[PDB]
Structures are given as structure tokens and as C-alpha cells.
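Let the hints inform the model, and build the full structure from the sequences given.
These are the residues of each chain, in order.
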Amino acid sequence: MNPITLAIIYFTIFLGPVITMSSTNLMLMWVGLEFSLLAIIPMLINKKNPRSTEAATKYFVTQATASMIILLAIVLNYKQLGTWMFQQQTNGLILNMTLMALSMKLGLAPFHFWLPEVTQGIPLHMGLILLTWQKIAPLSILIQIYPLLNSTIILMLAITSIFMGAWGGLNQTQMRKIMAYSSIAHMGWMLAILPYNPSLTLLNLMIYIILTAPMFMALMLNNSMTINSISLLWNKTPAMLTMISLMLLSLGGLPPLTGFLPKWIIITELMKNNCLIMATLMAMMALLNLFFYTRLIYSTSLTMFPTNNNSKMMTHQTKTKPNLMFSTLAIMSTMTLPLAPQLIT
Amino acid sequence: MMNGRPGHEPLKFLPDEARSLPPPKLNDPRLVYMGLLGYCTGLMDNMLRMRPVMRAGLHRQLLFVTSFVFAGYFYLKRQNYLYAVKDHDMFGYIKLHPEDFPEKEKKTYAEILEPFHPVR
Amino acid sequence: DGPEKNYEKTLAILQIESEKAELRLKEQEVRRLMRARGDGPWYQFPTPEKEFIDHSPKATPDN
Amino acid sequence: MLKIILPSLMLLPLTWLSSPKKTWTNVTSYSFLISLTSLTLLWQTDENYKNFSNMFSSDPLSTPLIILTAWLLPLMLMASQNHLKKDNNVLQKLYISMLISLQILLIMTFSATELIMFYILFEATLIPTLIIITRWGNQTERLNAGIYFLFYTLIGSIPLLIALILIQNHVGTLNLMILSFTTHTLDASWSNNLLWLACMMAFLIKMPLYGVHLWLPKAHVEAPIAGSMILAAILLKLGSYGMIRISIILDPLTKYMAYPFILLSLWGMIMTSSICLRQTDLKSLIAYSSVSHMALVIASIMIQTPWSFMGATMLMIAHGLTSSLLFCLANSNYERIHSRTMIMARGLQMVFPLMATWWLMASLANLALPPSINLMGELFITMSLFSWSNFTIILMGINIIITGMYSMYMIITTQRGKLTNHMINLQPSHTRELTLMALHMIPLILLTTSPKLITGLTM
Amino acid sequence: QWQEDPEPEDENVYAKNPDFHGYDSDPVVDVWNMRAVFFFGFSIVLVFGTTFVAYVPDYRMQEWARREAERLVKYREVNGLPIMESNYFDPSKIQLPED
Amino acid sequence: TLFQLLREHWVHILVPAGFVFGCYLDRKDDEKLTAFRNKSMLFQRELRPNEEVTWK
Amino acid sequence: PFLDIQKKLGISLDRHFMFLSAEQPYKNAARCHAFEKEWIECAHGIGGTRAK
Amino acid sequence: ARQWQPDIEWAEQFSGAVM
Amino acid sequence: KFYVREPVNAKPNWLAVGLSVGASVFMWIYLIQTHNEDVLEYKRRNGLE
Amino acid sequence: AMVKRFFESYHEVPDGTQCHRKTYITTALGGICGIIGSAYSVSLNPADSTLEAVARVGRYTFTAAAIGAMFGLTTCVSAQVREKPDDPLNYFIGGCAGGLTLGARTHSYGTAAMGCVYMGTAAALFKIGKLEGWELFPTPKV
Ligand SMILES: CCCCCCCCCCCCO[C@@H]1O[C@H](CO)[C@@H](O[C@H]2O[C@H](CO)[C@@H](O)[C@H](O)[C@H]2O)[C@H](O)[C@H]1O
Ligand SMILES: CCCCCCCCCCCCO[C@@H]1O[C@H](CO)[C@@H](O[C@H]2O[C@H](CO)[C@@H](O)[C@H](O)[C@H]2O)[C@H](O)[C@H]1O
Ligand SMILES: CCCCCCCCCCCCO[C@@H]1O[C@H](CO)[C@@H](O[C@H]2O[C@H](CO)[C@@H](O)[C@H](O)[C@H]2O)[C@H](O)[C@H]1O
Ligand SMILES: CCCCCCCCCCCCO[C@@H]1O[C@H](CO)[C@@H](O[C@H]2O[C@H](CO)[C@@H](O)[C@H](O)[C@H]2O)[C@H](O)[C@H]1O
Ligand SMILES: CCCCCCCCCCCCO[C@@H]1O[C@H](CO)[C@@H](O[C@H]2O[C@H](CO)[C@@H](O)[C@H](O)[C@H]2O)[C@H](O)[C@H]1O
Ligand SMILES: CCCCCCCCCCCCO[C@@H]1O[C@H](CO)[C@@H](O[C@H]2O[C@H](CO)[C@@H](O)[C@H](O)[C@H]2O)[C@H](O)[C@H]1O
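Residue numbers (the entry's author numbering), protein chains in the order written: chain N, 1 to 345; chain d, 1 to 120; chain h, 81 to 143; chain M, 1 to 459; chain g, 23 to 121; chain f, 1 to 56; chain e, 1 to 52; chain D, 1 to 19; chain c, 1 to 49; chain Y, 1 to 142.
Heads up, a few of these hints could be off.
Here are the simulated BS3-like cross-link-like pairs (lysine-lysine), alpha carbons at most 30 angstroms apart as the crow flies [unchecked claim]:
no., chain 1, residue 1, chain 2, residue 2
1, N, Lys-79, h, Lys-85
2, h, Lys-100, f, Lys-28
3, e, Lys-7, h, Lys-130
4, h, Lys-106, d, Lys-86
5, d, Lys-86, e, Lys-52
6, h, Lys-100, d, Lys-104
7, h, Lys-138, e, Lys-7
8, e, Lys-37, e, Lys-7
9, c, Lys-43, h, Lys-100
10, f, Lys-39, d, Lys-104
11, M, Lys-21, g, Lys-38
12, e, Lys-7, N, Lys-58
13, e, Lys-27, h, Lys-138
14, N, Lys-236, c, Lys-11
15, h, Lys-106, e, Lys-7
16, h, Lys-130, d, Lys-86
17, e, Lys-7, h, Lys-100
18, h, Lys-106, d, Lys-77
19, N, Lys-319, c, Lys-1
20, d, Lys-25, c, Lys-43
21, c, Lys-43, d, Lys-12
22, d, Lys-86, Y, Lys-141
23, M, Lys-418, N, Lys-319
The hints are simulated quantities; they were obtained by calculation from the structure and are not laboratory data.
This is how it looks when you write it as C-alpha cells:
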């Protein structure tokens, strides 16, 4: 891409969610989601191979279908109440299709099947945008109508996402697919608490993002797409072994890392509302995530896999990466639990 | 939960009514820990770039420490204010609704018959 | 130091922890009432803005 | 506690800012001095327990466990030096930092005043423990050992987290002192019976309870020596210490809820002690011996008597020193011939006469020779269980017989008989190795001299 | 086969330094590590820690309690009161249920 | 004294300084908890002639 | 809105055509203008829960 | 004996399309 | 001279150093000043000294 | 709808009585779960022909209905014989009988044994939830 194209397309990628988050009118919120879909497609398919074409196409047809269902809900509500925002009097079925369609946009299970495939087919830096920046606009809509949402559908989506994110990540040798299943599991936690406390949804979103961003940067450093590729870190960039291990354990929610906080606080709030059974099931199956992260930690920093002869030529070369944003996010995603009271209220 | 409360300014980081609160100490333990994290960030950054961990870029290390403390102070002020508002609302609501929060006259243990459960 | 210091610091610790405990229980009671009745400063869910209603004389009279 | 915790935290910069030739001498020496400072917690001239702040306390249960923790850190460092001497300088410093991290976490764990703080520190210990086992263990089975250890703990710990949140939502606090004073009788509902199990299972898995103990023989056989020392001495005691703290709020359901766990422990202690008779791996034998001893701790905490709690406290400390000693003794032969098979090296009294003396005292401690604190703890546990039901002595009696059999069996097999003389690499005992044994055994004898210090809360 | 080092050979630690104490291959580092362990572990911690513990006074108020018991036994006997009563709490301070 | 000597032996102030600082923080913890000094049932009394506090 | 940028800046990008009672071209009142004006005005300032 | 480290056979169990 | 290729980091980026020390020294001064005014306003509003 | 009411009729009368009606209700519930599972199976793992898809739908639905019948029957007979309406143990026995049925249909002692324990525990906990007033999907309160 030439600079003019990059500026326009990246500006539109940034603009869409800003429109969605700032709009009073539901139609302008939908317009914001439309900008996101249109602008991200050329970035998804930029490298132009059959896999990137498959990824961009699957992303387009899912997202465009979900966008039509969202528009149907907006139009039906406009018919019912003569207004462009959902109210307490909005028909419950209208709200349930909004929830269905937004959850399909987010890749929550059982509308999740597209997300591991699209993440696998695109460059790592685009996977980073897909799993972080692109979540904000659909979640921002949901947070606005949190008193209107049906707790039954939410919890069923939430528990399904945690279950399939867990079992999904257990079978993966591809890093891009592991991150996609990690996304789905964490979205399950974000959604479960949204109808009770939307501030804790945002707390989980922020901690997920500052964990996922430096994890993607670590993959980007050597372009490690598989377990066997990342297992060569000890020979290529051993200095990263400490922070990758702690970020993985933080993503799994192990105390005393920052990633324990979202699971801990959401359980606390779910049980203030007597949602004991779901909270128990959620927390128990979230341990399965820690299993496949541990196996990943086993192959990177706690053992040394076999290396190859050409890697010696790599040790002669100097690197200019990572940028210092990696260190900041890496530290704040792992070592900030002592500052927990300043993050929840 | 508090966002729609009376007298709520949009996108105001530090409302003027927050200036009645005592400001945090500059050696507050939470601010000392913030500066320590900034120092760790500088050292980790040196390690990741294959630089002498403690020696390289003391100017870069100092900026990391000062930014964490500087940001943390103002964020701590905002967090102090939000907690103060929460208590201001909770207690104010308690006073407007004395029928929902009665003072419960408690009985002494001379009157309470707790069951005894022998251990044996 | 003498036994008085530890003994009386324990009472101070006990007073703080007791008062935090009752403040924690009272907040949940307040939140429950405020969310169910909507009569407090919290859980004030938005309603349409009335400043954008047009109050001018309309093209027709019966409006 | 801050005057103990802050110097412990300063060991981390001391490790990393020391010269390569001074690191071990530096960190070991100050670790000894930090053990000296922890003795201040024993200055208890009244019956009011020390509450230093809202966050940290110390009473007659946590004080012995804190001091034993502080003492283990220097001992673990000496134990690690020889097998780390081929690692480069940064890897040695990383290992020391893992050992200091456990010391810091465990001291904070035993002095925490609030249960979710206990839980967070209780769970935090898994990270350095797993790293030690898997990064510095010798065999390919160390990775499986890491998985069992981590996930036996975690599956039990999640229900504990739910119970702690539930108690706090109901009471408004998890502060231990306030929970003690304001406790009220529980109703014997199904919901409360599940609450009891959620509060107990993580501590019971950690002990470990017979039936869910398979993680511990795996973890010991595969861990490095300093990992075995901390695991057997202190980490198992987190479960017993957790059970004693939290059972105060569980009455009166422990009267009937305890039966399956008394049965598993009293029968299980016979199954695991009898395994020690036919165990070919010396480390595994010592590990199964721990499971048998910790079964007694489980039973006496379950019956909740003044004698039973006092016997459990003594046994916790005595087992901590004794089992750590046995692992160190076994590791000294392994470092010479690099096998854990008990029957391989034989007649070693011929070539290591003073090390054989350390072997004998460790074995005599293990089979509870009077007046050792090992026997004192087991004796008062036996008295309390006999009171609970006179038929418990039958299972106690069988375990006492079997414990003597395997304790002397280990000595006869390895120290006596003809020397396996093809082992020409049996270098004389190191000064460090003989010093390490003495640092275990002198405190055991000194504590036998003054057993008031480890009686616990009830006496 | 792959490219891998052979296993290192067994080494006798005493061959080069027959005064090896177990701590370090450098002789001077070795002897000072030995001295620090013996000095701080034994001379300081075990001797002075033992001394300090020995002179903790009235540990858990055991000496006061026996002293207080003798005072009460003396008092309760000259005045003819029972040495120890069944009721810890005076029954006048208790209000039982009517039923 | 000497940069080669000092660069080697300066680390000997870390743990002692942790102890002194740890002791200082423990005295600050005492100061926050004086709400019942000389006010408990068990121990409260009249202040001696030139006594400002019963414990510090 | 999730971010109240429009309120903070005191502008109106989409706040002023949100319901029937809003301003119409050439002052052509929409159907049910008076009923929607009454409903919006009753609800103002008391929150959604009470308004219901 | 030397500490065990993963050999080719160990590393090849992550070389498949799935686990 | 040692490196066959000239390093990128052969000499300090003097502009970067100056901006960094300027930014840190400014932030420390502004932080201390703002803390001073925050104390005085707090005392004024609460009628303290 | 009335379909919801047909499922509330399970709890209208105490356990151990009207065992015929309770067996129809649980058989219907099991069948519905079999139809849902079959729909996802054929959609995501399509069969080689339509007659195999329809054959697999019947296999799943009848097997799921059989499990629901055995659970509902065994639970009621167990409460009737033991004269204990409010015992979660009756539900554990029924859930184990359902778990054994699943193993018998799939020819697996491991599924029978593993099915018995997991399904027994889930069913026993359901009864405890009914007695103690647990909510599966509570509405927001605080
Ligand atoms: C990426 C973010 C930062 C940059 C922000 C965006 C502004 C960028 C400003 C520089 C852009 C100029 O970029 C310039 O674009 C013109 C488009 O007319 C291209 O030029 C185009 O027209 C000219 C006509 O003479 C010919 O070169 C050719 O027909 C075609 O390529 C140039 O090849 C490219 O160099
Ligand atoms: C709550 C307690 C917190 C515990 C904190 C956890 C600390 C981090 C644990 C993960 C360890 C990182 O993993 C560790 O990385 C270092 C480099 O840094 C490697 O270090 C070793 O190998 C690398 C090459 O691979 C060499 O360049 C290096 O000099 C050598 O020491 C270790 O072999 C590896 O095991
Ligand atoms: C763990 C290691 C511990 C190391 C222990 C070192 C302890 C040293 C013991 C010093 C004991 C002597 O201590 C000293 O005794 C005298 C007795 O004249 C007492 O002194 C007090 O009583 C005497 C009685 O005549 C008066 O004259 C005097 O004016 C008064 O201060 C005090 O108690 C103390 O001043
Ligand atoms: C094979 C073992 C399976 C283990 C899993 C758990 C088994 C227990 C569930 C089956 C028990 C009987 O079936 C259960 O009772 C009746 C059926 O009429 C319904 O019972 C419930 O219905 C609705 C829920 O929609 C509630 O509002 C109502 O108060 C309650 O009666 C439930 O929808 C059904 O779940
Ligand atoms: C109260 C207790 C009641 C007990 C009854 C309920 C328990 C039901 C147990 C079901 C056991 C599974 O059922 C059993 O599966 C095995 C699997 O080898 C199958 O066994 C048969 O076929 C298999 C292969 O298909 C052959 O290898 C085997 O030699 C043959 O016996 C049968 O289908 C059945 O014998
Ligand atoms: C291993 C898997 C199991 C993990 C175990 C999880 C922890 C242990 C579970 C204990 C069960 C909780 O038991 C349940 O608690 C809830 C919440 O207080 C209370 O139950 C009640 O709560 C409130 C009243 O306070 C009612 O509005 C609610 O409808 C009802 O469920 C009862 O006390 C008991 O019915």
C-alpha cells in the first residue's frame, strides 16, 4: 500500500468504532460498524494468497450477515416506538436478536466457528487488530443496553464460549488459533458480567487487550506461527522467555498476576447476584485454558527444544525490535495486582 | 452504576468537587510501587534489546520511572474521588430511607441461647 | 513493649475490620434498593433528551 | 512482619547485584541472619496473639511455621550448590530467586490475617514451585509431575475460592479474628454440606489426603533436592494450616462431615506405609512415608480436640525437619551414582561412617523414637484418636509396626551388608553435605529440649 | 543422528583440590563459603538464637498462671470457698428461656 | 576507599537496609492503630506525672 | 452514548433527530407529536426504571 | 547423568496439524 | 574501531537525551507544584491549617 | 406457552408419586436434547447420504430419550420404594441409571462407569438446587 491508501484505510478503521461509541442514534452506531467491516477487509487480504482470500471472504459474509440482523432490530424498534434508540419498552425479541447478532460479530460461541479460521489466515499484526480494536464497537453497543438484555441468553452464550474456548485451545498447534480460542474464552467472561456490572466487562476487556497486544508482539518478533517455531525462542531471543511465561500465566488467570483479577472480580459480582452455578462452571473450565498455556510454557522457557544449524546465522544479526511498548504492556499485564482497588472502582 | 448520577459531567477526569479531598502523598505506597514498575519496565526494555540491564540508558530509565509516578498520581486522585463519591451517595441514600435501614437493637449473650455442640 | 500496646492495637484493628464489614453489607443493601426502585443516584438509566423537542407553532394547529 | 519480609525482599537484588563468586556466600549468610530475626516472633509473654497490622499477624500456630520457613531457605541454598555448579551464572541466580520467592510468599502466607489474602499467596506459591520442578528436574517425567502438581491443586482451589467469596458476601469480611468471634452455628443443609467440602478439599488435596495423593510421589521423584525440601517440609503444611484456620466457622458439620476423611486417613496411612516396604525408589519411599505421616495430621485436625491439635502441630514441625533431612541424605548418594534405586548402593556405612550416623538419626526420628518431638506429636494424636473411638488404636498399632519395618529396612539396605564395591566414584562426604545434615538434626534435638514452642494454639 | 554433545564424564572433586569443602571449585571461594555457613549458621543463629529463646520470660504467661493459681488456691482455702466451681459464669448474670 | 573494593562490597547494605526500613514501616503501622491507646477496659489508667502516652 | 463526546463539546451530530417530536422540515409535525412530547417530558430527570 | 531435554521424537508431537 | 559495520548506537542521540531529561525534570516540577496547590486548596475548602 | 407448563408438571406432585407422568416428561426432555444434538452433528459433520443423516438423527434422539426415561423412572421408583421424597440420593441413583444406559447403548463400560458418576452427580445437585432454591439464571439484583 502507498501512504495515501494506508492513511485513509487506517483512519477508517479507527473512525468506525469512534462513531459507534459516540453515537446517540442507533443508525449511526450501525454506520460505525459498517465502516469497521469495509475498512478491515483490504488489510485482511493485503498479502493476497488463497488463505488470506479465504479469511477475508469468510470474515465478510459473517460480518455482513450479522450487520443485517442488527439493522433489522434497529428498524423494528423504530417501527415500534418511533425512535432510534432501544428503550425499556422495546420488544424483548428485538433485543434478543441484537444480542444474537452482536455476539456473532464478536465471535462468541456458538457463533464462534469463523474466528479461529480467519485469525489463522491473516498476518499476526492483523490478528492483533481483529482480536483487540475490533471488539470495542460491538461491546460498546451492548454496554449501553445492559439493563435491557436477557440474562439467560447471556449466560448461555458466556458458558458456551468459555467451554469451547477451552476445548478449542486444547487441540491447537497453531499460535494464531490458540489466540483465537483465548479470545473466545475471555469474551465469555466479559459477556457473563455485562448485564450485572458493565464496568467489570470493561475491566476484563482492558486486561485482555494489554495481555493480548504484547503476546502478539512477541509472536511478531520472529514470526512464530506454531508451537515448534516458538519453541526456538531460547536460541533466537532468550530475553523474552521471562515475560512470555508470565503473560501466558496471566492470561490463564493464575494468581498473583494481573490476569487473576478479572476472573476473581467477575466471580465475586456473579455471586452477589446468586449466579453461583454459572460462576462455578465458568471458573472450573477456565482451568483448562491454564493447561494449554502451561504446555506452551513447557515448550518455550522450561525446556529447550532441538534447534537447527541455520539459527547460528541469526545470532550474528542484530534486531531492532520489540519497541518499548512491549515492555510497558508486558509489565502492566503481569505485575499490577497490588493496584487492584484502583482498577475496579 | 454511578454514571447517571446528579451533577455528572461527561468525560471529566477530575471534577472540581474532587479538590476538597486530601491529595495523595507523593510517597504513597501505591505511587512508590508505580515508580518501581516503571523502573522494572526500563530494565526489561534493556534486556529485550540486549543492552546492559542496569547501565544502559539512564535517561530512558528515568523517564520510565517519572512517567509511571506522574500518571499514577493523577489516576490515584481520580480513584480517590470515585470512592469518596460512592460513600457520599451510599450514606446520603441511607439518610433519605430510614425505614429500609433500621437500627437493630442487639441482645447480650446473657439472653441469647446458642446451642452447645459437644466435641467428643 | 508491654502487653498493653499489642492488646490495644488489636482493638484498633478489630474496630476497623468490624466497621469495614458493616459498610460492605450495607452497600449491597443500598445497591439492591437503588437498582430495584430507581430512586437513588445509582442505576439512573437514560431517557430521551427533552431539549430537542420542537415547541414552535407547527404547520397545522393540532399538535 | 515487615522487618522480616523487607530484608527477605532485599535478597533478590543481593542475588542479582552480587559478583558470580560471591553470590552463594552472600545470599546464604543473610538468609541465616533473616532466620535469626524471625525468632523475635517467639517473644510471647502473654496469651494475646501478635497483630502487627490489619494485614499481618502471628500466633503460636503460624510462628513455628514462619520460623521453619525462614530456616529452610539457607538449607535449600546449601543443598542446591553442587548440582547447579555447571549452570551458568544467570541460571544460578534465577534458581536462587525462585527459592527466595517461595520464602517470601510462604512467610506472608502464614502471617496473613485475611482468607483471600491467604488464598492469593497460597496459589502464588505454585509458580516458583512448578518452575523449580520442571526447569531443573532431571528426567522427562518432570513435565508430567508439574502437570499433576499444578492441577491437583488448582481443581481443589477453585471451589475454595467460591466458598471464600460466599462467606464474605454473607458475613461482610474474611478477616480471621472477626470470623472467629462472630461465628454462629451452621444448619445441616445439603447446601452447607457442599460449603464444608468446598472449604476443605483444597487443603485436603494439599496434605495430601489418601486417594488424591498421586501428585506427591510424582512431584518428589522428579524435583530437584531444594524442591523436595520445601515441598515436604512446608508446602504440605499449607493444607493442615489452612484446615485449622477455616474449620472454626464450619461447626457443627465437621462432627459428621469428617467421617470419610478420618476413614481415608486412618486406613490410607496403612496403605501408604505398607507401600514403603516394597518401593524400589528411595525418593519415592520417603515421599510415601510423608503421605502416611500427613494422614495422621488430617485425622487429628478432623476430630478437633485440644490434644489432637497440639499433636498435629508438633508432628507438622517434626515431619518438616525429618523428611527434609531424609531427602537430603538420599540426594547425597544420588549425586555420586545418579540413581534413586534403593537397592543399588549398599554397605555404605563402610565408606561414609559419619553420613551413616546422620542416616541412623534421621531414621530414628522417622520411626518416632522417644522423647523426640516426632514421637510426642504421634503420641498425643494417638491419645486423642483413642478417645474419639477406642478402636482407632488397632490401625495406629499396625502403622507403628510398619513404620519401624520400613524405617529400619531403608537403613539396613543402604548402609549395611557388603559394600557394592564396583562404585569407585564414592567420593568422601563434603563438609557442606555433613553441615547440611547437622542443620536439620540440631533443631530437632533443640526442639525436643523445649517442646513448648511448637504446641500450637490449644495448649 | 542429530548433532548432540556426548554425556560428560564422572569427575572426582578432590583430585584437583584435596581440601574441597563442597562449595566451590575455586579454593579461596570454597573455604570462605564454608566459614560463612559455619559462622552464621552455627556461631550466630544456633547459639544466640538458642540463648534468646531460652530467656524469653513467662512464655505464653505460664509462669504468671501458676503464680496466679497459687494465690487463688491460697485465698479460696483460708476463706473456705470451693477451689473451683462448676459454673464459670455466675447464674445471676444469665436469663434462661421461660420454657 | 577503592572503586574495585566498593563495587564489590557495597551490596552488603541491602539486607541491613531492608531490616532498618522494615522496622521503620512497622513503627508507622503502630501510629495508625492508636485509637484505643489508654482506652481499653483492661489497661486504661491515669497518666503518670510527666507522661504523654502509655505506649508509642 | 458510550462516550459522551457530543455532550462534552456541546455539539449535536445526531442528538436532534432522535424521535418523532424532534424538529421537522417546514414545521410539519410528525404523527403523535403531542403524545411523544408528553411521554418524553414525563420521563425527564427521573431515570428509566421509575419512568417505566 | 545429564538433564533430559526434548529430542526430535518429543518435538514431533507438536508438528501435526492438531494435537 | 571495532565493528566492521558502523553501529546505529555509536554515540548518544543528544536530542533524545535532552528531551528525556527535560520531560522528566519538567514532570517532577509540575508534579511537586500541583501537589502543593492541591494541599492548599484542600485546607482552604476544609477550613484547616 | 403450554409446552413450558407441561414441564412444570414434573414438580407439581412430590417425587415417588405419579411415576408414569414423570417418566413421560423426562423422556420428552431427553428426546429434545437428542434432537438438538443431532441437528448440530449433521449440520457440522454431514453424513455421506441423507438416509445416514436421518439414521443418525434417530440414533441420537432415541438414545437420548432412553437415558431420560431411565433417569425419570429409576428416580421415582427409588423414592417410592425408599419412601423418601426429598432425598437427593434418589436422583443420584437415577442419574447413574441414565449413565449406565448411555454406556449400554454405545457399547462402553468406561462410558457406563464415567456416565454413571457424572450424570449421578449432576442429577443429585439438581435436586439439591430445587430444595435450597438455587437459580440457574438469576436476574440482576445489585
Ligand atoms: C501512511 C500514513 C502517513 C502518510 C499520510 C498520507 C499522506 C502521504 C503523503 C505522501 C503521498 C504521496 O504519494 C504519492 O501518491 C501519488 C498519488 O497521486 C502516487 O503517484 C500517482 O500519480 C502520479 C502522477 O504523476 C504518478 O506517480 C503515478 O501516476 C501514480 O503513482 C505516488 O506514487 C506516491 O508517491
Ligand atoms: C510469583 C513468583 C514469580 C516468579 C517469576 C518467574 C520468573 C520467570 C520464569 C521464567 C523463566 C524464563 O526462562 C528462562 O529464561 C532464561 C533467560 O532469561 C534462560 O536462561 C538461560 O538460557 C538462555 C538461552 O536460552 C541463556 O542465554 C541464558 O544466559 C541462560 O541463563 C533460561 O534457560 C529460561 O528457563
Ligand atoms: C540474646 C542475647 C542476649 C544478650 C543478653 C545480654 C544481657 C545483659 C545483661 C545485663 C544485666 C545487668 O543489667 C543491669 O542490672 C542492674 C543491676 O545492677 C539493673 O539496674 C537497676 O537496678 C539496680 C539494682 O542495684 C540499680 O542499682 C540500678 O540503678 C537500676 O537501673 C538493671 O537490670 C541493669 O542496669
Ligand atoms: C440423566 C441425568 C441428567 C443429569 C442432568 C440433570 C438432570 C435433572 C434435570 C431433569 C429433571 C426433571 O426435569 C426438570 O424438571 C422439569 C421438567 O418438567 C422442569 O422444571 C423446572 O422448569 C422450569 C425451568 O424451565 C422452572 O422454572 C420450574 O420452576 C421447574 O419446574 C425443568 O425444565 C427440567 O429440567
Ligand atoms: C445395576 C447394574 C446393572 C448392570 C447393567 C448396566 C451396565 C451396562 C453396561 C454396558 C456395557 C457395555 O456393553 C458391552 O459393550 C461391549 C464393548 O466391548 C460390547 O461387547 C461385545 O462387543 C464388543 C465389540 O462391539 C466385543 O469386543 C466384545 O467381545 C463383545 O462382548 C457389548 O455391546 C456389551 O457387552
Ligand atoms: C466442586 C463443585 C462445587 C463447588 C462448590 C461451590 C462452593 C460451595 C457451594 C455452597 C452452596 C451455597 O449454598 C447456597 O448459598 C446461597 C448463597 O448464600 C444461599 O441460597 C439462597 O441465597 C439467597 C438468600 O441469601 C436467595 O435469594 C437464593 O434464592 C438462595 O439460593 C444458601 O446459602 C444456599 O442455598
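>> Hints numbered earlier in the text: which of these fail when held up against the supplied structure?
In response: Per hint list: 1, 12, 15, 17, 23 violated.
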